[PDB]
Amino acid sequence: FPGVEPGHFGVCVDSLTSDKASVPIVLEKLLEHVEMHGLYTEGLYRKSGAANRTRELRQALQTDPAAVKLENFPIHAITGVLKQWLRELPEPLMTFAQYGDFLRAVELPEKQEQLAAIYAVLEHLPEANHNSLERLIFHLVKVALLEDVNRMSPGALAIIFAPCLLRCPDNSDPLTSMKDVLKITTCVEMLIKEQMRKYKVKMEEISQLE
């Protein structure tokens, strides 16, 4: 594809990272804006923005995501494009190959070994995928902390983001997709909750003088 830039939507996450940017610019740009302006918004990532404005925003972020003044766009169109960015990745952020590994983790009998197994799978994620997921989960932790205001629990966020992060391969048995959605949602919920739990713990250390 000579002379044309690949854009930022629909391209592999690794091609959007480098030595100067461990996280894709569009991902950071979107998440940081929501953190700086939108964490108080009721139904954040739940409500949907206008289709046209969301489309316009994706268009603008395609050519050059840096120059995009996100303040000129509605908050639910920004959250819409974010989820759309995740869904348009050539491979889901938590990969096709490790999809079954995540299922097997949550199929374990007890919570502790479930958590440990989940984090064991995270360690094997490709570098770009781990960097992006890391940034995203931290963002969702920030959102969930303001659940009393934005009404977005870790469970709600999990339901929204799990299918964006984990997709069963097209060559899987569609008779088991029934339980799989519950399983991938549980996986993401446990991840957000444990990261938030550790957040709250270290936060009580942060908030002291000496």
The other form holds:
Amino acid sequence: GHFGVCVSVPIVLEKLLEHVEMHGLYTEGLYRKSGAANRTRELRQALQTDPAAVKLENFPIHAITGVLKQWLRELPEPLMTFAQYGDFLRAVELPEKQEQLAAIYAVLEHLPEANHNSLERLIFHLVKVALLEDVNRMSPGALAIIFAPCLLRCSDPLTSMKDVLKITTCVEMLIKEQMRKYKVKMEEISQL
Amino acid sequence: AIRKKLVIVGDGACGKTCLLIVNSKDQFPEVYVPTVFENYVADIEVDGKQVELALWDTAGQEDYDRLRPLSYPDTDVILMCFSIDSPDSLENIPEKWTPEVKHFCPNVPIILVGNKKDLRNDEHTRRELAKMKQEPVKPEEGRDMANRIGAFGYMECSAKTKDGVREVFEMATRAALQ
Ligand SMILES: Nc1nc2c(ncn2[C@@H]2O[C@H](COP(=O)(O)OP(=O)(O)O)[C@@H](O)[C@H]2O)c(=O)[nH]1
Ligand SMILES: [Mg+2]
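What would the structure be for the form solved in complex with the partner chain, given that what you showed me was the form solved without the partner chain?
Now the complete complex, all chains and molecules, led by this one.
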């Protein structure tokens, strides 16, 4: 594998991301809707056989997103780490916006760079999805809800629900911060 | 007055939350956000009986598979949903929802529900499904499926036009009372 192995960016991730960016960003409910289970399962089996020899155009776009999220959830350790789990949560528990944000980014420099590579690629992807919210209907908030359990994992799971909302807020803020920093970089490029 | 717990499940964006809110609040939500966990209450009258229906809303995403069963204890009836405009979500009924529900809710009556009834002959819908050689679910497929999985019954509805929304919840209530 391919799938469920230790995590520049893993070729399976990149291949999946690049296709969705090229093809999926106008699809209503991208990452919200699931694929057919069997068609999803066949795509996952195919990406164990010949990862580069897979013609993704032969698969439905929600199967493709299904397999992407399945990859993230099958990593040995979650993308954001077991170690930093507690610190992301606390970053979110801070009282006001800018220091939650400052703490979260402070936690991020503590990641092993292989986790940081895949994670920033994924966050960039999600930024592109949200920039087209007008077409696909996916806000940063909606994406955060979906991806939060993919990216961070504790086990109770009772008040894991209480925790899930916090890691959702964490991911929602990352998407939003990256998105505004996009808006400003595009502005600054035309300047001076 | 009799208290029964209903839990609703089904693929993401197949209209669970609209179904629940339209029955309880007679209103149709406009915000596009996925549910993680919510609760509503609806009062209902069937066969001269007065029932308070606790409505437990859940997430349809696989990503919430570890968390969703927290909703299942003490359920008196299940609404298991797919969307008429999505053959994929009907496919996931016997493959994913039936095993999860029969496992956490054994002996609990299941009403299979085809949502978004207004879309079966909607033109934009059939256009989009035809692009992938699919068509809306035919009532037959829905009804057949309910037999395959051993549902208490098959209802179709459209939350948006309210067509059938009522009958869904009486079937469910009558299922629960027994
Ligand atoms: N045409 C139509 N659209 C619906 C209906 N019910 C829900 N929707 C739309 O389907 C999308 C998701 O509905 P929602 O209840 O949030 O799905 P849930 O994720 O299963 O809870 C939203 O765009 C709704 O407006 C319906 O009966 N008919
Ligand atoms: Mg919902």
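Positions refer to the first chain, counted from 1. What we label the rigid core is the largest C-alpha set whose atoms superpose within 1.5 Å from one form to the other.
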Once the two forms are fitted on their rigid core, how many angstrom does the CA of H33 move between the two forms? 0.3
Between-form comparison on the rigid core puts the Cα shift of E204 between the two forms, in Å, at 2.9
